[PDB]
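First, one chain by itself in structure tokens, the form deposited in one PDB entry.
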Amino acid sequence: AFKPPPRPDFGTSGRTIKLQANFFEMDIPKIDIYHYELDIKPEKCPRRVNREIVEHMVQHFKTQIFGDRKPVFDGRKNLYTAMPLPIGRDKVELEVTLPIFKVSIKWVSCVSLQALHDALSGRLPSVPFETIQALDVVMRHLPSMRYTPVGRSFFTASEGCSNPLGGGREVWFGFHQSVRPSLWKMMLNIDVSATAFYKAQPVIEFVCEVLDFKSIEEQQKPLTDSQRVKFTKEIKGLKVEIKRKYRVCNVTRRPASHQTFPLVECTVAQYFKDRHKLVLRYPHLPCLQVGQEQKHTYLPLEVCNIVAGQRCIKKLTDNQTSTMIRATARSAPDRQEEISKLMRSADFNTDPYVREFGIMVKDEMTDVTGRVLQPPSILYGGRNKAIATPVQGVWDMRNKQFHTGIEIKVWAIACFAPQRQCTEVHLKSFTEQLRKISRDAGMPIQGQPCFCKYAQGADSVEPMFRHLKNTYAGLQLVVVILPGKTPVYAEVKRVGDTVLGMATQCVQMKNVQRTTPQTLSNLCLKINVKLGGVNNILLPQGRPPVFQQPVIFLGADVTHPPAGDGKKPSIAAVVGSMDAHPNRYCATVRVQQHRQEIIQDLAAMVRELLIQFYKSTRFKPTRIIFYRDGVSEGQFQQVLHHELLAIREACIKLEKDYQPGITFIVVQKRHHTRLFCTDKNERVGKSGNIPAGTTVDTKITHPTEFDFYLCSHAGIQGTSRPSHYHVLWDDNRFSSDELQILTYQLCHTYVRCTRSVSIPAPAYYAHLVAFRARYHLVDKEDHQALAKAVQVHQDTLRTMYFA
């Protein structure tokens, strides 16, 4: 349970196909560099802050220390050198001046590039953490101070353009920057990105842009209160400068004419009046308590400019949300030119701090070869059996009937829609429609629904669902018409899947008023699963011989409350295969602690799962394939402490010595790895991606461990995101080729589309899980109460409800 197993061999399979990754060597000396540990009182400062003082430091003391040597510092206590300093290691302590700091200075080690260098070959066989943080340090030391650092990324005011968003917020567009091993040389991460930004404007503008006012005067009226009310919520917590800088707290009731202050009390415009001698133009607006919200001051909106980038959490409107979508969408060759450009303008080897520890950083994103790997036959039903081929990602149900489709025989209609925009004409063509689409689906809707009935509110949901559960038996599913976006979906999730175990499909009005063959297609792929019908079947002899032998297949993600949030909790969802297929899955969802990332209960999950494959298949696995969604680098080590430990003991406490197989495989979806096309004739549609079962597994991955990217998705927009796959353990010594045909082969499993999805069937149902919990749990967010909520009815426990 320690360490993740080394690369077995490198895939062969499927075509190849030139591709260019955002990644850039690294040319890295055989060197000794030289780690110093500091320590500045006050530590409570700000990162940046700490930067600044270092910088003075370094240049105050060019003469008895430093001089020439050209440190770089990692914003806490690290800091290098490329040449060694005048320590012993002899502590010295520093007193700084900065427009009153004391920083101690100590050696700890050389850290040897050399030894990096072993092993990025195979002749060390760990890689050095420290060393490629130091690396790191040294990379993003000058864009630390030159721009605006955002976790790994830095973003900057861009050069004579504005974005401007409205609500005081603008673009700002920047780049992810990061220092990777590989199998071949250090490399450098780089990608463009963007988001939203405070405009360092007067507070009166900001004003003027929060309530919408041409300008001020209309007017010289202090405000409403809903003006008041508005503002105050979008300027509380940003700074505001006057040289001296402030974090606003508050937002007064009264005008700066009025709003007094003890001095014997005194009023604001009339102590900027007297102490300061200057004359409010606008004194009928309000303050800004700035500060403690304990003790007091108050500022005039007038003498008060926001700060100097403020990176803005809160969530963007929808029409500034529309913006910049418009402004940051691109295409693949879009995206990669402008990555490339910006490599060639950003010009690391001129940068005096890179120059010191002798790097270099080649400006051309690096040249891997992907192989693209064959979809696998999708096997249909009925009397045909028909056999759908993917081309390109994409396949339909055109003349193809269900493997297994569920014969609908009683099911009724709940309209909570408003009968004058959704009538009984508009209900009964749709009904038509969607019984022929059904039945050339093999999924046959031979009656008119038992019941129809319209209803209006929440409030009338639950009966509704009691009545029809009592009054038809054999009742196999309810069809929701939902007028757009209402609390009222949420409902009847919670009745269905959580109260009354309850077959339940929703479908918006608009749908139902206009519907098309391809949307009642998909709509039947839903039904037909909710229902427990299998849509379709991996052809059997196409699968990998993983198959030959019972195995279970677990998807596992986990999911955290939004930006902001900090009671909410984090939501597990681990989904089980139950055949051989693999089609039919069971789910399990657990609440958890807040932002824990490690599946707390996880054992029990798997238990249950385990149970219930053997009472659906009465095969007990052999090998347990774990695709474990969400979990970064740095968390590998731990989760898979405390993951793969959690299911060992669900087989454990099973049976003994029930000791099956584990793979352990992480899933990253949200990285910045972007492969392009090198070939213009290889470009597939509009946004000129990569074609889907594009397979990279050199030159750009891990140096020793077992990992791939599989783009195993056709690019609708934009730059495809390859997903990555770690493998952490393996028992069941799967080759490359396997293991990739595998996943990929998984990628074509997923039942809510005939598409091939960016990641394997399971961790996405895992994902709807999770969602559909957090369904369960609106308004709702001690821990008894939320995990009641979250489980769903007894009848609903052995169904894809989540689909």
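Whichever C-alpha set is largest while still superposing within 1.5 Å between the two forms counts as the rigid core. Positions refer to the first chain, counted from 1. What changes on going to the form deposited in another entry:
- Rigid core superposed between the two forms, residues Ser126, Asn470, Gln541, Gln548 considered: the one with a C-alpha shift of 2 Å or more is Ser126.
- Once the rigid core is overlaid between the two forms, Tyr725 does not reach a Cα shift of 2 Å, moving by less than that.
- Fitting the two forms on the rigid core leaves the C-alpha of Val425 displaced by under 2 angstroms between the two forms.
- Annotation for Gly166: C-alpha shift of 2 angstroms or more between the two forms, rigid core superposed.
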Given for the second form:
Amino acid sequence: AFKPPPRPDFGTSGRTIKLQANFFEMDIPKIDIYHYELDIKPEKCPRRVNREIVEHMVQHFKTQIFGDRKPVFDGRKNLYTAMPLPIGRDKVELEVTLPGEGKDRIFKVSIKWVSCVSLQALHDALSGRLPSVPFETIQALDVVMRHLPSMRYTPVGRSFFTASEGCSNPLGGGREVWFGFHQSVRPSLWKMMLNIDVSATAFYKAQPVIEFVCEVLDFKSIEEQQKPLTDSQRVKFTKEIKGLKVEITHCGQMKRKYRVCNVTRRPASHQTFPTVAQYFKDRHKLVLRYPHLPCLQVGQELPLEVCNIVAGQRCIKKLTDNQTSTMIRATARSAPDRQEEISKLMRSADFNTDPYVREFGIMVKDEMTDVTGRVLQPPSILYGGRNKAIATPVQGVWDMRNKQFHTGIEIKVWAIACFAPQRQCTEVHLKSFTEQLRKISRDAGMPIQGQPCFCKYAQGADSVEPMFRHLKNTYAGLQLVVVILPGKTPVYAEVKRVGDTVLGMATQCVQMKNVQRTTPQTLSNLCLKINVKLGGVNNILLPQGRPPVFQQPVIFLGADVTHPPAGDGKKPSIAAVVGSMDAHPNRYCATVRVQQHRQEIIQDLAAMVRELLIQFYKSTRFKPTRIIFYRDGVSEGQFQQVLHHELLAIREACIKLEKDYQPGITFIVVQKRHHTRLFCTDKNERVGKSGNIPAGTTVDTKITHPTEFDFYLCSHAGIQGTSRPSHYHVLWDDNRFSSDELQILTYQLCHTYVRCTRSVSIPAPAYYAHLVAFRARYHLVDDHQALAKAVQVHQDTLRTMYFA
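Next up, can you give the form deposited in another entry of this protein, since the form deposited in one PDB entry came first?
For this one, just the chain is written down, with no partner chains and no other molecules.
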């Protein structure tokens, strides 16, 4: 096994900044708690009614089994007590009746002593005496902290939602925003923390289906529809209730929870039922109030006044762009807004009154955790030309105005293939676009010497490969093909398949709307991409400002795996790995593979890293003495696996390059998907309307691991909403990095992303790896080895950053 190195030091670089984090300190006793296992018969029940069963079991066998003890329940098979039960260590069988009268099911439950979970061991791990934190104890504490919320609120994953209080938040036809919160127990130095963040989703309004139709079909009242429903109205009302659940209410106090299927075009009166309207006057004595609305077909092969909408449905449906817009009005709050909302939620949830967390002697603080962060100094960015301009990122941003590329490509043979309609993308557009692009190019030190040698329209994907062939054969020295497109078109994937994998020709696509009208910003970022695609070097980190790691040859790797949505039989997951090819580091080379459907481990990593090392040795004439590996998208539970496989893969790739070649490996996992938020304590340190922490804000205390080498770094400037600081976890480090050195290196690498002049949220290696997987997915658009070949890039473009 490979265990991650401990935190080497605590880091002191940068200017300090006071922060608050959405972690609330917990007070955890040092006594042991007791874990029992449950099995409820039958097992054809939702998780909610298993919780009701267990609650009635605790209330019924109070004097026999439990007593004053108030246990907690996972929902499936895990019960926990703060005191041992009198049942001993052997299984016990109990009979639990379920109340309701209209339906009374009998359940056979079995309680069995499993284990004695030690909170003292948890405290030992929180101090660092024990190196690794017990996951099972963390799970027990979690179950304890979400026992009551799982029953008083609506559970959705690790979040809980409710219907506000009074004034709802109307969304659209039959929906409304529910506000909720994610909750999770996390370990940290000396103390457990309760991590709380706010969230929202969409639920169906618990209204009678009449109101449903009124809001779906825009009726001031139901008396509006004094005629039968029209063609488009039936299908409209169908697409909104095709699978929802309704409650038949023509019954007494007794209710129903029958699901829904389709909608008829027969208004009850005119539907032969071997009519329906007739059926409701004789079977039950209920004259229909609206015998002109349609019926709700059920299941697979009823009036709208008899049905209601079953409260609590989560609306798994997709939302209208206007419901998405109102959702973002409600959810993407400024950082102070979200801070205040989390604090208010924690002040109202009253965890220090939950009888179950108090049964276990736990207390939760009401205030966010104070964290002393550090704003790291941003690197200076060296540009080119007679000026040799230096750019200083200011709040994570700089501009290329009055600056020229470090090394700018002279473009002197290029073509234009316009797959947009000539009627819409006229020749005046092409002329003025060329003029403006050339002006911006010359301004940036990437001059385009003369008009395009070739400039023609075309249509259809079938035209792509022939044309390019012609272009490659009839125009010598062809550097670039600009491909104007009319929007999302199958022509794009074909352009990339031909230019990247078949012929090895560099292409730059551009949307019609950016040729008809140009702006300096769009043309400039496009020039960035064009330059690096022709081998340019837009800029480099100021050489002297870099950490000491650059005093010897070093290669930086970025790796990512993209998966398809669940359900696809094969749709192989795409693994991409990129590697730096110079000391700057600016140029990166890519490798990609298809592998088992939804597998996170990069199976063929050894071969890919071998390719990258070979290219590095060829380009620099030296072998790296250090390998810095940035690995994206790995969960805690996958650490052991991925580390064991991929560390060994890298070592193999090394020794396959040379017998005794053992460079030091730094394996770092990059994670953006978490629920950690950081807020400025001083209103003066807030940046740009959103009110976020400054770019470069770093945290490696109070919410990080108690013993291991992890840290939050927010390297980007937040625009709208609350910034998501990237989290970094060092799974392996032969090179004995200091906290400061590694944090600074990560930050500086975040300024080497060629596609834009701003510090981005993750290091350029990782971002490039994502881009490479994206392009690979595009290359598969038209057998396993067939796919593996289709995703193989031509040898001439492999030399370039075609994925920019």
